[PDB]
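As a starting point, one isolated chain is supplied in structure tokens, in the form deposited in one PDB entry.
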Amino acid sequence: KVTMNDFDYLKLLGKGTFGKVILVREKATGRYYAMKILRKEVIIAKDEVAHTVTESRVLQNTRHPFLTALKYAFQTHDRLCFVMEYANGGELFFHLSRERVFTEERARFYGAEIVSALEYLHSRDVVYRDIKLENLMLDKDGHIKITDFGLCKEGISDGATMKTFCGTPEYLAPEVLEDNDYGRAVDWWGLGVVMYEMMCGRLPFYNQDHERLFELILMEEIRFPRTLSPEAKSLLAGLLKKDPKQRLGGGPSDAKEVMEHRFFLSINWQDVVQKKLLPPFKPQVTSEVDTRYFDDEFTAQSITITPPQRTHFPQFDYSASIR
């Protein structure tokens, strides 16, 4: 069994209510990884055990260039640990906040790699349901890596629906803000919101009051900068169609509709999956312990441990080499 003391704990990359993510070094190999450490006490209290099991199961059963890879899933008496390959390039949220806006060419690169990832998950009957800038990381080469599969739903084939009110408030599709069920097209709405942010430098709808936010998502008409290209306006308008039936990617062919849109005219999609598209930005990391593309808010904090049977989480533990 793998344990806490098999790793050195170097720098805090993320922190929140569920737990934290730390850059670690595996003592045996000397190799670096990102370890998401979640408190079982919190997961049980919030009644989110099913989501933690789903995340591990999706990570175990997925392999794609633009999805994060699980090395070890292990647990202690009160903690759940995901050991994952370290994306040194940081979040897309970090980079877009720094640069304010991307060019249409750079957004097209990131958009294509996300579409490739979403086609993969959808062909595997998985709906991701949490596309956003914080969940999109960059690897050392500058390629996209989707992280955090906690809100995934499995077994969702052509036209199957979901009931859980979940996601992130700012990225919720209009149909999720209505009663009853919704389809896998919510992922293409999410793609639309991130694409909108990359090219327009803001969320298409924002208010800190969720009441006002959800009214904007349901009722408000999106706007575009005058100088945005016609194909970019058409793509965003297609992805952000409030009716999922009339949304780009909402038809039976799914990602095909999005891939065949005139905005991606210049893209060969077999080259996308083959990592043959040239990244417009290459992370300037000097070492492996270099965390320049993460917030000082987190990386400046001193690493510490928390002072607090069959408290086991079944169907969680895993090794990439054993399976």
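Numbering follows the first chain given and starts at 1. Rigid core: the largest C-alpha set superposing within 1.5 Å between the two forms. First, how it differs from the form deposited in another entry.
- The residue among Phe102, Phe109, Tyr196, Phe205 whose Cα moves by 2 angstroms or more between the two forms, once the core is superposed, is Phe205.
- Annotation for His64: C-alpha shift under 2 angstroms between the two forms, rigid core superposed.
- When the rigid core is held fixed, the Cα atom of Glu257 travels less than 2 angstroms between the two forms.
- Comparing the forms between the two forms, the C-alpha position of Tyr182 differs by 2 angstroms or more, with the core used for superposition.
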Second form
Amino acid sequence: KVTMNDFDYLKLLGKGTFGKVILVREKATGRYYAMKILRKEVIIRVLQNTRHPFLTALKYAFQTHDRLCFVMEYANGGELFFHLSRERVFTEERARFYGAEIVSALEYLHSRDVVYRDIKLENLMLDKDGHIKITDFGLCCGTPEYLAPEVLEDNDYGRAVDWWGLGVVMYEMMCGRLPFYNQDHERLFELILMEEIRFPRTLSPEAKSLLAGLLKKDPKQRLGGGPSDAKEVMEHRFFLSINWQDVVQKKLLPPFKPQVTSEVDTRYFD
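Next up, the form deposited in another entry, please; the one we just looked at was the form deposited in one PDB entry.
Only a single chain is listed, so you will not see partners or other molecules.
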């Protein structure tokens, strides 16, 4: 049985309002993980069985006296946000790559009736090979939150929000900025609900089409909002050059290589 004594503490990753996430190293294998620690009283499974190439795998689950613990695989490449910062913007192809691996992960979750709710830049990390890895920690606080219109209006967390999350993630990936950066976050609520989102002229016709689809205010009209879920997204023009069987297989070549020697290389951890 796993316990607190099988790990060496290294650093905090995301903080408590619901618990903590800390970077640790399993003493026996020397491998690294992110330990989620949930306050049992501050809280006054699906996730654990959902395995997928671009989804962070749960390694261990144990309980302490008044704490819930989830030891999870920690990607070695840095957090996408870090990489996006350096490049400022990704090539539509670089974005298409990542956007493709997310769509794959989302089609899988939706197939299992699971709505992810947290598709967003900060939840994206790159693994040792440069393949995307979606996480459930909480890096960065004051980063403008971009909840789906149907969330802000009806607190509806249908599967459509994941496509919206994808849209906001793709937009910032190809536009180098959030849809409404030019405006203070105070009016962000009315904006998301009633403001048409503008796109850079440099944006390819296909890419403008994707985003406008992923970012429609009406869930039912949104790209991926129709009954065939991910099909609509997978078969959109922007993804013509995509071999879906190739992506889930990790046959595709990462547009960028992290620079880590192996999942033990404490580089990106800092």
